[PDB]
Structure formats: structure tokens, C-alpha cells
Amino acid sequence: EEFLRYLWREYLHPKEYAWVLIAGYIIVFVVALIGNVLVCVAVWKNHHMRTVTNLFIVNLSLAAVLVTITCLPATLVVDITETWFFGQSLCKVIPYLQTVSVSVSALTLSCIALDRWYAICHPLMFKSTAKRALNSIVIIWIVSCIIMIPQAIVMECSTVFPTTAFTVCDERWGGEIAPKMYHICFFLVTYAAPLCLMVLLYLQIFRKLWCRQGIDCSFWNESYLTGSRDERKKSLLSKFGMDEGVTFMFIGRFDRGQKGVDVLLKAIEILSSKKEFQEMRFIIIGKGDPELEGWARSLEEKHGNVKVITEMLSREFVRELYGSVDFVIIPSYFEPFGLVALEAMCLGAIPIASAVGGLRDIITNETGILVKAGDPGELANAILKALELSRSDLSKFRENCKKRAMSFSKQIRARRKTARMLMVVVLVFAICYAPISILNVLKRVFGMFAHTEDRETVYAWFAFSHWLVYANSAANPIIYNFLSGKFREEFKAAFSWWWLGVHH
């Protein structure tokens, strides 16, 4: 009997902290197994839960459950008894299942980051399907099972002689080069390469969702306006020395290939030869390229219905203008995010924008006028069209903008929460696996710990990094409960049906 030999040896390495590691493993085992079963049940029960991101998350809870059941109990025994009580066959299988599950975890988290990046950042904004997500999951298991074959090849149960003897399970390499090169590759494949890729991907996602599209709900509101829009526009034109008329506005830098003021100026030259041009009013707000400023200043001197503002304006002033002008012109060549369109439409201004980038996303047929980018003759026709629309009431058109900009910002706020939760998961994944991955390279790649000063401290750190790996699987369901309202509700429904029979 192996266990009798352990009782005969137990005096040599008595661990008085065994209860703590045991209670910590019992706690993680129940929470990891319970929380991850609900994650599967929540996505498999609710069809509105079956998103690409959640199908990958189910795959994480599947690898999480698979090791919680097959690997955690054996790891608890080994770290406490320093002995392999299971067979030589399980000495290959358990280490294989543990490493495979670490690979399936990392590649799945990397696939979630790619799927978010192609959907949020790439200009095509691909919408992945569930069949595409399932084929990647099948590939992830196949690739993970194949790369971990060499790991099963080298595990070997052997008898150690400290005259009562161990049986231990460990890697057995022929030669001192292969393990060092292998664990360098194990480090890059499981942790360093996937974690770098995710940092680069979520940094672009954060900067776009939080800054480049993060409009201020509370500031850009129509509630800050007073009176009727007619009274504001009339006071607006009176300040600039102009008669009441249909008002167009351009706000942006004076650029060569970017914001398109050169297109607007070319458009104003086209319209200026028509009698209808005397009905329109143009506010052009910006500065930059001196020759464009001199072109806009020259049109302003020529026409009593053009007004150029080169001085800096406060957000409240621009908000007042969005609430008073009839239309806002955005003739950008390049506009990934379209933040000025969301701000204008939130205050009722009607956008006349290039059909590119975020303007093409934001502006619909019912909530603005799109035009081919860089085309002055297209933009002149649109400004002529907007004037024809202005002979009738525009209130239903303005209310469609406000609702469309609100619904679009409502979508950005929903994408922020999902990306924020995914970022917490990868952050906690780097925290949990960092100790074991660093301790594995110091031990296997650099030879540390061989000449031990304090072996008890080193064996204690290894036991901690191990528990921390299983703790990560207990942590993720708790992350979904606190950062996703759809998981938080479906979790509550699973407890009521299980403990009460209540529907939800």
C-alpha cells in the first residue's frame, strides 16, 4: 500500500497549514463547479444569451469544470503529501488534462479578443455567427490536444529514495536542453503570446469605446436649451449680423485630406452663382491651413450670408449652436467614429455628412443626408436638397435624429460593459496564472530552486500558485455575475428553480 509508506514518512515533512490549503480547495471546488455549471446552463437555456462572446465563455467554463473534477483533487493530494497515489496511467492523463485546459483557456480568451476587435475596430465590423464560433472551439480543442501530446509523453511515475520510498509523478527528459526549450515554448504559447495579443487588442477597443466614441450623455442634452428653436436660431443669426434663413454649420480643423473644409468651400463656390444661395446661411468654424483660412475669409468678405469663426469656442457655445442651426455639414474624407454627428443629432441639428466611417454607421436615410466623400458637386446638391426640405416643418426629422443618436449611444454604452467585463477576465487571468507561469520558467528554464536555501518556502509558493490556478476558474463566474446583467439575472433564475421551483 502506497498510503502506509506515506504514514511512515509523514514525520519528515509535517505541514501544519494543511487545513488552510484544504479549506481553500474545498471552497474553490464548490464555487468553481457550481458557478461554471450555471454559466453553461444560462447560455444553453436562453437563446438571446447565445452570442459569440458567450459561446466562447461557455467553452471556458467547460475547461474549468473539466479540471475542477479531474485534476483539482489530485493536485490537492500531491501538494499536501508530496506523493503520487494514482496510477502511472493517471500520471500521464491528469497532467495532460490540466495543460490542455490551460491551452484551451488561453486560446479561447484570445479568440474572444479577436472577435470583439473585428466587430468593434475593423472597418468591415464583421458579425460572427454561432457556427463560426463553434468551429473555432472544435479547432481550439484539437490544437490544444495536439500541442500537449509531448507533455504527456514525458510524464513518468518513478520511485524516489529520501529507507522508505516515494512514488512521484514528474516530467522525465533525456538531456538538459529539451526541457529548457520546451518550457520557453510552453510559456509563450499559454501566457506571454496570448496575453500580449489581448493587451494590444483591448487597448484599441478601450480607446475607441471609451474615448473616441464616448460621448457625454449628461452634457449633450437638449434640456440645456431654452425657448423655441426658431427663437434661438433667430438670435443666433442676429449675433453674426445675418437675416433669418436656413442655417448650415461646419465645425472642424482646416485640413488637406481630413475634415473636408476644402470640399465645403468648393461647394459654396458652386452654390454662390445660384439665386437660391441667398436663402442659406453658412457658419464655418475652425482654423488651421493658412491658405484655407484665406479662402474661407475671402468668401466671408464677399457674402453677407457667410461667417467664419477661427477663435476657440467653449463646449456650451457649440452645444448652443447645435441646438439652433438647421443643419451641420461634416464633409470628412476620413471619420472612423463620427462623434460630431452624435453630438449634433442629440441637439436636433440635421447632419449633411460624407458617407464614410462612423458617419456611414451613425447616419441613416431617415436621420440625415449622406454624400460621396470629397465631392463638392455632390455636397452642393445635398445643400440644395436640405433647403427644399426646409420650406416645410423639420420637427419630425429632428426628433428622428435625437432618437437615432440616443439609440446609437445606447449601443456604445452596451458595448463598453461587455468589453469592460472581458477586460476584467483577462486581467484576473494574468494575475492567477502569472505565479505558476513565472515559477515554471525559473525552475525549468533557468534552473532556480535546485540549490535550495529554504525548500519549505519554495514548496509553499508552488502550492499557492496551484490553488490560485483553480481559484481563477471559481473567479470567472463571479465576474460574470457582477459585470453582466444578463448573467446576473440568469444566475438568479437558476437558483430559484433549483431551490424553490420558482420560474425566475
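Heads up, when I say rigid core I mean the largest set of C-alphas that superpose within 1.5 Å between the two forms. Numbering follows the first chain given and starts at 1. First, how it differs from the form deposited in another entry.
387 is the only residue from 387, 93, 120, 430 whose Cα shifts by 2 Å or more between the two forms, the rigid core being superposed. Fitting C-alpha atoms of each rigid part between the two forms shows the smaller part swung round by 11° relative to the larger.
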Second form
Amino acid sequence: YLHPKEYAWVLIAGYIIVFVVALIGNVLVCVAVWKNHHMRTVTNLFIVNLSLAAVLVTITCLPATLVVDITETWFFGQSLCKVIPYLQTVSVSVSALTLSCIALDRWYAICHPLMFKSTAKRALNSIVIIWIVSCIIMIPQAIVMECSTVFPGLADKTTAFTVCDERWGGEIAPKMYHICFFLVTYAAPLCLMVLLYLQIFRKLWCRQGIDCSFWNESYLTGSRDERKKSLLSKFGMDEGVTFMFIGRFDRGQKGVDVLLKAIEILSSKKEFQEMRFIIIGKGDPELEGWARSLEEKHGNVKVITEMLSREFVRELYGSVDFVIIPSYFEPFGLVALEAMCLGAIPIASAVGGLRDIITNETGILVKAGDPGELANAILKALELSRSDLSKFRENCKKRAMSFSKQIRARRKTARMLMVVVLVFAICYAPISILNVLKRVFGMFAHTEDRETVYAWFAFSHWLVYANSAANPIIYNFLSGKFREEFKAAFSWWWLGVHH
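The form deposited in another entry is what I want next, because the block you gave corresponds to the form deposited in one PDB entry; please supply it.
Just this one chain is shown here; partners and other molecules are left out.
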């Protein structure tokens, strides 16, 4: 009789630790969202769902798995031989489908051009769908689980035990079921989340975000008046209200065609004589020739096709009155953040990130396709410029800092969510390969070392339950709001504060 295992001490200890940690942590997640209305976000409603799935399996499956792995015997009868494996797979499905909808919700918010944000009622409905789908697609698992009894002995049996395992009537079905199980609970959702989070990362960290250490007013000297006077002097222009465009020259993207048409519109107006235009860029030679014809015709229009250093551009932002951003399409809007940080108040098409950045007290928005709209906005800016614009310049700087912090907050949430996904991928990797190798490829049949293989399965099961314990710990280290509410919990229980 084989009896005892060398690793039972650590398996029992690790299950006790994970049980306590997973139960308390996931309950506190629920408590944090339920007790604090400011935590009620679609992301956090999904996170609550994850914690409910983890509580479910922590209570109904973890204790059974410990006993089975230690004893290789099923003590809990026929109904629980079906119910517990069913709950386990339903919870895995809930976890991976919840993680998936977390990722899709973030992709629409951050990556989609209209930046969709889901209501809490909509999130709840999604949560209901997740549970219904999961309970339905795991019905086969409940069907296939069976207890078998074994009679060990030579002649007359004197003892017996019952084990709980899958019952297949052919070699094809278990292969197909467990192929699908790997794809539905692990492989497909992971691929979906890696792709979605790669674009999110790419938008949040690399295409969006400004060098807040380079683009600031502190590197500028003297008053804005002194600097504008000297900029126009260096550019051979008279004093006046100064508008700047900087960007590649194209039709349908950066809008220089709209600005140049708008300049033609303005040029027959008496107000045109008070305005100065600085047009910086390169591209379509037909658009370049249009700009150069206008610069030659009009003393108050300057065109720069040469490459400027970043220090030079920063001086421009810190000298001009207004920056004109007549984009058709502008997902990120670095010009607006850069210009606003240096006090230049933006006149921009209401598209994309420009519409996100610019408010009614921090710039002038115009229809992205309309040259007459841009001309009217430039005229309004001239009249604004007849008075002190300092309050407006301060509003721009403050708004740009606030946006930068806002980008930063989205980064912290996204980084935390990617860590959760990574920890899910790791914790479920071992069981997934063992399950595929065993059920699809028929390995471990011949038990030349059944001991090592059984040990690998027991570690892999524990690691699955450890995932339930890890998620609240991740939120504590990577989320300041969860950390504070966790702290509130520990103080209400150990101390009794009730904050």
C-alpha cells in the first residue's frame, strides 16, 4: 500500500494559506466596491465578478482538490463528483470571459475613435450573459464526470474506494472536448487580450503623454510680450496677433489645406491686416506652392519648410498667441498639449484627442471640414486678443497638466489589468499543458513514474487556486483606491475605527 506522499505537508499548508487569503481578499474586493460608490466603475464591476467566481471555487472546489490530491480518493459521493467539477469549469469560464470583457471595454475606451464608455447597468447585463453562457457550455463536464469504485485484494475483496473521473465512450470525444476547453477558457481569450492590450499599450505609452520636463514655461525667459516681440522681429514681421500651424502638408489629415483656404477667405477682410500667420511644415508640393504664393502675396504670412529643433519649436509655442490645428483626424493631439503647456491658446478641429483636450474655457473648437469655420474662429481670436489673454493662457497650462495626470491614471489602471492577465496566463499554464498532454496526446498512460506526474498535477491545481488569492494582492500593490479600501477594512476589523 503506497499511502503517504512526501509533499503533503506543503500542499496542505499552501491550500490553507491560499484558502484564507483568497477568501478574505476577494470578499474585501466585493466590500470595497459595494461600500464605496466611487469604486463603482465598469472595470470594478467586472473585477467584483472575478472575485465572486473566485469565492465560488475557493469554497466549493479548493477543499475537495486538496483531499483528492493527498488521498487520490473521492469521498464526497456521486452528485458532488459532477457538481464540483462543473463549478470549477464554470468559474474558469467566468474568469476568462470577465477578463476578456474587461479588455474589450478598455479597448473601446482608449483605442476606439469615439472612446466609448459603458454604463453600470450595461456592465451588469454583460456579467449576467457571462454566467449564463458559462453555466450552459460546461454542462458536458457535469455529464461526463463519474465515480468508479475499486475493490483491492487478491481473492475476496475486503475494502474498496471510489474515484471520480471523466467517462468517455470513445477516443475522439475527450480529445475534441478538451481541445475546445483549452481554446475557450485559455487560448482564445489570451490571444484576444494580448492583441487588445498591445494596441492599448501602444496608444497609451508610445503614441500618447508628453515630455513634461521639456515642454514647460520655466525654460522661457522674460515676459511673453518680450518674447513675441522678438519672435516677430526675427521673422521680419510687424507686431500683431500671431497664429501658428506646424505639421505635415496633406489633404484630408492635418488640415493645412483648410487653413490656407481660410487665409484666402480672410485676405479680403480688413481684420486680416492685424493678423500674423506662421506656417511650418512640408509635404505635398502643390500645397507647399499654395502656401508660398500666399506668403509672397501677403506680408503677414510666413512659411517655414525647414526643420526646426525642438528647442526652437518650444520658443514658438511660448511666443505665439494661438496655435491652429485644423486636423481632419487627430487621435492623440500632441501639438495641443505641447502648445498649451507653453501658454499658446489652441484653435483646433473638434476631432479625436483635440476634442478630449480642449474645453470651452481652454481653446476654440471648429468643425474639422470647414474653412469658413476656421476663418470665423481666427476672427474671434483676434477680438479676444484685443484684451488681456493671461487668464486664458493660465487655463490652457492647467488643463494640459490635468490631462497629463489623466493619461497617467489610465496608464496605472491599464498596467494593473495587464498584470492580472499575465498572472492568469502563468497560473493556468501548467494545468493547461498537463491537461492537453494527458487528454489530447494520451501521455502519462504508462505510469513508469506516476509519482512525478501526480506531483506535477497537484502543483498545477494549487497554482490555479493561488490565482484567486493573487488578484486582490495585485490590486493592493498596483491600485491606490483598492489599497486604501483594503486599509479601511483592516482598520475597521482589527482597530474598530469605522471611517
